[PDB]
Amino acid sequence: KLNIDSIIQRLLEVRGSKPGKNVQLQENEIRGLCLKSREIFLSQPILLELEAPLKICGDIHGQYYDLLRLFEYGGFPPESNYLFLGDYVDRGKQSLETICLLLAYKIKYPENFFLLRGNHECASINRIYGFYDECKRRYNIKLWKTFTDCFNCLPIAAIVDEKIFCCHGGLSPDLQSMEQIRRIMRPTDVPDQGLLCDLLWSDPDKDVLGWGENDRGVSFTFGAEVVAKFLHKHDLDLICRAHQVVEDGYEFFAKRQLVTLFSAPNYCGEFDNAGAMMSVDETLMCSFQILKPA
């Protein structure tokens, strides 16, 4: 029933245009993307095990023309494989086009295109920061609820070539074994405390040694020694996360043992930050493509 090729073509038809121009998909089509992608998310593991080559991207936040930019730098699927780390919606002006193209590509290339859950893929958050308002203005509240049901089934973390641990936010004090992530039940809303919360909300902090309070008013901050012990315990080389705006698009922490990625240049139209995209090759070498703000 769902014509994915037609949907992707219309979404990509606005390429090269001045940012702002919408793509008007039909309600039944956007609902179709949610229901079908949801099935795929539930069919695949909640802790993804992926293999290079792979392109990894951080926060997008409805900056649709910067998503299109990332693909023209990285290569449009299926030329390259992709892992996104969450926060697809809110703040930007085109959350709908952004999430729709991502879900379209997931349905089209389910073994070569991956999406993790960010803290904004939660009804309680995206009701406040723009996505609910965008859905209401352009379609209806029922469609927004259909996105919620989809988001509640997104995977939570990925391990790339048994060496890179990927999640939106960061580590948890309750994360002792990877089996604990695998035992998280979907669908679920993101709780105010616990493992799932921390994985989507925590931040690294240079001034903290162990675990400390997070200025967000939720989850914790973690220091470089916590990163060191986590990598050694689970025999990993790198934590790759997002969740925080960084000026150069990427930023290393704890002597290159953790990296923060952010893929929305000129975030909110307020910051003057670059976006970045991490490339991982077959030899497990990491490199970065940089998108300066325009």
Second form
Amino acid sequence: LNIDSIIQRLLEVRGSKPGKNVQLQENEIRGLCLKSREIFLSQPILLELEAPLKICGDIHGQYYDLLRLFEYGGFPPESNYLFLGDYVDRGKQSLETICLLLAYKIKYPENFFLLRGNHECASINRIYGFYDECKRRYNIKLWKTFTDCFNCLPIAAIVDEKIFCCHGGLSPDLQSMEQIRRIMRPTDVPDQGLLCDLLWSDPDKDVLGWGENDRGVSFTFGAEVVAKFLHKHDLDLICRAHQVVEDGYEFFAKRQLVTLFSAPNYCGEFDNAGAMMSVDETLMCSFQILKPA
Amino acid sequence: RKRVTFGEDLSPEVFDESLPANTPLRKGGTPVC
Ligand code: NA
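I have the form solved without the partner chain already, so could you send the form deposited with the partner chain bound?
Whole complex next, starting from this chain.
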């Protein structure tokens, strides 16, 4: 597995008319999956990270936008990165997107981090594009290899004991961080419970405590739940992704929670910028916005 | 002790969807300590 060669081939399209494919060999992609899987299992399921770092929300196969985000934020290892999940589905180039991200995880294992999103799950990415993309360009066996890899992704991160990061949101089940640590991998995403909620829940201004989530999975949670969670755990901020937000980032509950969504003009359907949150060594957080003309 | 604070707004990096990823239309602001 020649990681430098793989990265070079993936990045060769930075100067191309957008939309061009990069077709790695199937065995190379299998190698990315297998080596990254080993690394994910060797690191905690609840990551403990230190600033400075840049935190990104959903990418959803918008590969050229990922390249634009790295151009703005600095390509690894110039900046340390934490991604909050949702690398695949919806966009046209899930394969290039996840291959570049896994390649960077292998190249910079202590400076580059990927969390699990709700789309890094076979039952979801079977229907929202990734299975079809794998079948068309490669084969179903490759899709199953990705599934085995995704089943090993970590599911939350805490930055400097102050910023709690996950793809979806809080869970009524989450009382102690050790509950996250005790989750064994590989695992699928269950249809309910703590891991499900960390990938699926959403904040809601109209909910008192915990409420219905009309995704048909997990819960909504209100501002008071956020405040109580932060106070209980001596945290300052929840950083999550999972919903399109017009400006690329959006605060909730008097800046106690922020949503990041990093795929601009999502699906060619939404009027949104993408953003990442840059966290400096003092935990001063800034938003770098990638905005379509 | 470290505590979360928020920095000044940064002007966006503006891009044209039809242009290469290595040629942004306008460079966005970058944070400094
Ligand atoms: Na901790």
